[PDB]
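Chemist: Spelled out from the first residue to the last, the chains are:
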Amino acid sequence: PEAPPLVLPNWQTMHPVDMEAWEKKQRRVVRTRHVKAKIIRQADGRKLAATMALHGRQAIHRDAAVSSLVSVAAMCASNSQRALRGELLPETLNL
Amino acid sequence: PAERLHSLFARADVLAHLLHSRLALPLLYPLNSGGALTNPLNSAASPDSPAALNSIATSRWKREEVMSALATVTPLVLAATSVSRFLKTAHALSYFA
Amino acid sequence: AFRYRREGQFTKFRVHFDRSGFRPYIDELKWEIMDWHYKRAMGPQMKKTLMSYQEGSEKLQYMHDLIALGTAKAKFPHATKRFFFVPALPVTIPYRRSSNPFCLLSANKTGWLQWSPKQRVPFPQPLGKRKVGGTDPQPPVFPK
Amino acid sequence: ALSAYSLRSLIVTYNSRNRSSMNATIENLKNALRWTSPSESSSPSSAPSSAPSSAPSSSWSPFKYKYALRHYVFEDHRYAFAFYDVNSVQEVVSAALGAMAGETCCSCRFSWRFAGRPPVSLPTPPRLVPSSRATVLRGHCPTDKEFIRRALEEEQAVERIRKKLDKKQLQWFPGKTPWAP
Amino acid sequence: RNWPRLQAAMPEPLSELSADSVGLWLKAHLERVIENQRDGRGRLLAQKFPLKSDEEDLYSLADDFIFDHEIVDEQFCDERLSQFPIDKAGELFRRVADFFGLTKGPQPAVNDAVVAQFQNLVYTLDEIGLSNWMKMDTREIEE
RNA sequence: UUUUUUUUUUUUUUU
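Chains as they are written, first to last, in my numbering: chain A, 1 to 95; chain B, 1 to 97; chain C, 1 to 144; chain D, 1 to 181; chain E, 1 to 143.
Hints in this document: simulated from the structure, not taken from any laboratory.
DMTMM-like cross-link-like pairs, simulated, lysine to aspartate or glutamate; straight-line CA separation at most 25 angstroms:
(1) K30(D) / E20(A)
(2) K25(A) / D73(E)
(3) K48(E) / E35(E)
(4) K36(A) / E7(C)
(5) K48(E) / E79(E)
(6) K30(C) / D76(D)
(7) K135(E) / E23(A)
(8) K24(A) / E74(E)
(9) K88(B) / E142(E)
(10) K88(B) / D57(E)
(11) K88(B) / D137(E)
(12) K135(E) / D13(B)
(13) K12(C) / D166(D)
(14) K38(A) / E74(E)
(15) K88(E) / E74(E)
(16) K25(A) / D126(E)
(17) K36(A) / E79(E)
(18) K25(A) / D63(E)
(19) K25(A) / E7(C)
(20) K25(A) / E79(E)
(21) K135(E) / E70(E)
(22) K12(C) / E159(D)
(23) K25(A) / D137(E)
(24) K36(A) / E154(D)
(25) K30(D) / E127(E)
(26) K88(B) / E79(E)
Produce the entire structure from the sequences given, and follow the hints as far as they go.
Modeler: Structure, rendered in structure tokens:
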């Protein structure tokens, strides 16, 4: 779904015909043109993830333990965060 | 209290509060500005021949009307002091930090 | 910002006459203003002629019914009233035969409508001391 | 097929030249309801259409250098109503036209719908065993909300298409084209 | 003199406290309201009807629970004087009735059709003039 | 929105 709210009027809450006098019976402006602001998604943690990916690249030519090297492959094998922006995925995998 | 709340407290109260028929009408329904005019029929009200067709008794027989109006003004205060007041409590508490 | 107070501003100065929802009004008033004078001049005159001959007025109507339908359907004895003549005038406004079942004139099968002998609420109500034009048959006079 | 049609919606609009005349129509329409055979009467929705106005200008007494002006305002009123699932045509069309009073015209807009192939499938489901190896308010429309959403979207689509096409075929001196002669 | 009587028809979390515990919070709450009462003039002197004979007044009934903080909501006033929202009558009733009845206490465990019927009572009272009582305190009708 | 954009604002309207 893409339309949760379904606002429908009724007979008991209908605006009167003479709407000119209705505005004069209020303390301040209430009704206004249709202006609603949407929510824009930020990096959602992807900005920090990119920095962490570079750390695994440096920890390959250090002759470390096999257990520690498994983490590098998992990051390089991502499918929804890293994408293919930069041409570093094949280079890191080859090394 | 399960069989006396589902359709007894939120439904029966509406029937008692449905007094718009007697409230919307004017206080003096059987008497108007033209009450002493020629409105009564001369051929059926002057000689007093009929007994049920016509009855000119709305000028001093206010005892029945007085009692009827008295019973309709007491319930009105209860609705404003029980229903309107109860609603205000929720509205005020809806913005308590 | 006043929204309701400024309603209709767009369709007042930035809209064409042929590109708006506003309908003309001169067309209706053309046939309405003229008919008012017809009922005023011919109104009292028609009633005066009808009341000129009080008795023997129903004889002409009774004889006419014997030629159109032959048999008098509305025949009544001498001890009963026949009918009451009502002064009516013809219709001059070329109204369209609309299909509205709730209309008051769409179901008119005759070219005559009743005329009110007395009116308490004059339609042409003036906004001041000015009188209605064409309501002074007698010419004026000056002190000289 | 003609017999397969059904009145999907009926948009009823009003155009009154006076404030009092428009108010009388609303009361008359409401009185006609709450009297039909079905338990819940048809309750159409409200949709005001603003209030257009017009006021020409003229110079003002003759033999003047245009020092003063006199305006003549001509206001107007409008009202629109929506209908959904009009099962009874006689109890709706007659009520709308019978609520008029004075110089208050109307403009209806019918909307029919034709059904295609009736979906008839999914017979009695198969079965086996292991081998062992109400809620109706007072002043509210009785129709379902899902039906209104499906029909409402269609109306918004036709309005956009009509405005786009109408703007294209709108030029001064109709029938004139460039370098045609 | 009132805590013991209200220990039955109340939520479990709000029933373990003693009488003394409630008094500590209540004592400090009243002082804050009076101090703050010294766009707030439209609901303090305009609605209250002086009599000179009433030695005391009620609390937390119609308009006593407001002005708890230094500043109050701006849109709250618009919904009491200009126009009270009657469409949300059913929504508020269901959101308050559930507090007393959690479907596991003294109250029954079945309550669904009450909200649907309660809405009708509000609409019927609207014709009598229920909307007018929201703006003006229910004091003139009583006297 | 770290595989997202690539940008000035009007005189009726999301009832």
